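Just the one chain here, the form deposited in one PDB entry, laid out as structure tokens.
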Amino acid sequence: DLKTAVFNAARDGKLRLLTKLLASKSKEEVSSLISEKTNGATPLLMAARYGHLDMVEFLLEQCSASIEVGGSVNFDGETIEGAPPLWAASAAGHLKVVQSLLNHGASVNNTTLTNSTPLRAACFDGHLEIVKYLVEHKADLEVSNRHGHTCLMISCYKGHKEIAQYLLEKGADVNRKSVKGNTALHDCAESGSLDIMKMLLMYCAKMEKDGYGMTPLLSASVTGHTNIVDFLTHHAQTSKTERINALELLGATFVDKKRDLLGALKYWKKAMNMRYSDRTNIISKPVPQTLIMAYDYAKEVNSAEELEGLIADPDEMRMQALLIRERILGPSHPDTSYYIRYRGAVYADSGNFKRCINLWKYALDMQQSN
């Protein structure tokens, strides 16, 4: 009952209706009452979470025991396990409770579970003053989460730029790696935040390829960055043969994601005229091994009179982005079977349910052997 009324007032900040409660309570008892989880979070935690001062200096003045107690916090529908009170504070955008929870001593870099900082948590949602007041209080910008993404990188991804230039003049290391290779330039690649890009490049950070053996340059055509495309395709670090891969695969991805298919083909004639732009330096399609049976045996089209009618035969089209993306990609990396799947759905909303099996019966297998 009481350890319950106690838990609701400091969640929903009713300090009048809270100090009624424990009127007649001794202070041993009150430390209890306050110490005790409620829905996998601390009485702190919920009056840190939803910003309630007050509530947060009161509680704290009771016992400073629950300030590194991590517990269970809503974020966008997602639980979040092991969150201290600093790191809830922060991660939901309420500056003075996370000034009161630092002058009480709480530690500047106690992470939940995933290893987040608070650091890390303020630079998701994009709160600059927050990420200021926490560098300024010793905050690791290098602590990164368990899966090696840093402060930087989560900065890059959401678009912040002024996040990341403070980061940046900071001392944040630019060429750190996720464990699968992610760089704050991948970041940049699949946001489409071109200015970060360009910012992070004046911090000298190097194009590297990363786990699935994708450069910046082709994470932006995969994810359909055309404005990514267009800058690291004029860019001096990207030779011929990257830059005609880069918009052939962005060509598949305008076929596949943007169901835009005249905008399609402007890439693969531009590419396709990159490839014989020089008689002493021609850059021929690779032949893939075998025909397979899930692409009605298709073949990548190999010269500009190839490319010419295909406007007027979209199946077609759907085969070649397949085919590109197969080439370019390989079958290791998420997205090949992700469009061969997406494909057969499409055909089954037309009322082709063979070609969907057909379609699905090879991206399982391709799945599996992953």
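Numbering follows the first chain given and starts at 1. Compared with the form deposited in another entry:
Considering the chain's movement between these two forms as two rigid blocks, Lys3 travels with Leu102.
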Given for the second form:
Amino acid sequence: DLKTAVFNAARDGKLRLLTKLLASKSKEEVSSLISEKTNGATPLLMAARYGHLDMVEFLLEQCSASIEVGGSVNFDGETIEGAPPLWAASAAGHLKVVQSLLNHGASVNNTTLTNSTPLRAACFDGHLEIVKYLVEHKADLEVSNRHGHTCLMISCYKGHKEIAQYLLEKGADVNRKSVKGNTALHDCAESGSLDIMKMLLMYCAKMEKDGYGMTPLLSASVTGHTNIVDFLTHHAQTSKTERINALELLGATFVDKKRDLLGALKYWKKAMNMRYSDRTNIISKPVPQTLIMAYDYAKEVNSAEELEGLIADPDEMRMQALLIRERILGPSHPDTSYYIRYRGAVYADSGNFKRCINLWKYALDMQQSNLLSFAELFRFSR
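The structure above corresponds to the form deposited in one PDB entry; please provide the structure of the form deposited in another entry.
Just this one chain is shown here; partners and other molecules are left out.
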């Protein structure tokens, strides 16, 4: 009844409407009902989420018992659980509300249920002035969400240079690993953020393998960011072999993800030149344990002559992309079985159901030997 009238008045910031419904009851009754969770949220959480500064001041004056209580707020259609007012106000960029809340004693590291801090939410949406204010009020840079993702990591992924720079200036550990072994360098690689990647390397950020065995260089090859790959293949921290495999894998990505055979052949020639650059140290192609029926029993081209006829034979190039991806990413990387299935589907759509079925059987046997489904298809939390 009136509980929801005060909830709405807070949500909408009609302060005179509120002090009307509120001037009746007693100081024991106001606090008892400003603490009432209408729809999973408190009046304070709503006032803060929507930046009603006077409304937040008035509510806190009456009773600060809800200042740390986590409720439910909406951002961009998603509902977040266990969010306290400070987290909501910083996620939404209401710097004035953030200042008010910390004045009234809001805990600066009080997280959501996903262990996202107010600092993390501010880094996600790129609120630099809030990021600075939170850090200057003892926000802990190194508190990561439940996945092990950090404020530095999410800043890199979203390309917020200025925020990434600020966190690094203020001491953020550039070599944190998430639970799946992801580092901020990986986040830069996956987002194409070359400028932020360079910045991280000013801080001697180590290039490392994640859980999937992926260096930042490979991550950029898998997701197709050539600005990162061109940069890292000219970087002394990557060996000749890592450079070749990244170029080769990126070409496979050009085939399967970018549907671009000209581009793919560029990187395969680039990588083949390097395999035969030192005439006395040939980096020969590895040989798999066996030929694969699903792959049409194809072998990776092992010289530059074998590459010259490739563009005229797209099916050969598509089998090359699959051979390369299994060689470099392995059966346990989700992209291997994924692109096997996608290539199978393209054969089904063009009418080659035997090739389709042999590739899907093989994706199934690969998936289930190393222990994104058809039905479904049909760490970056804020």
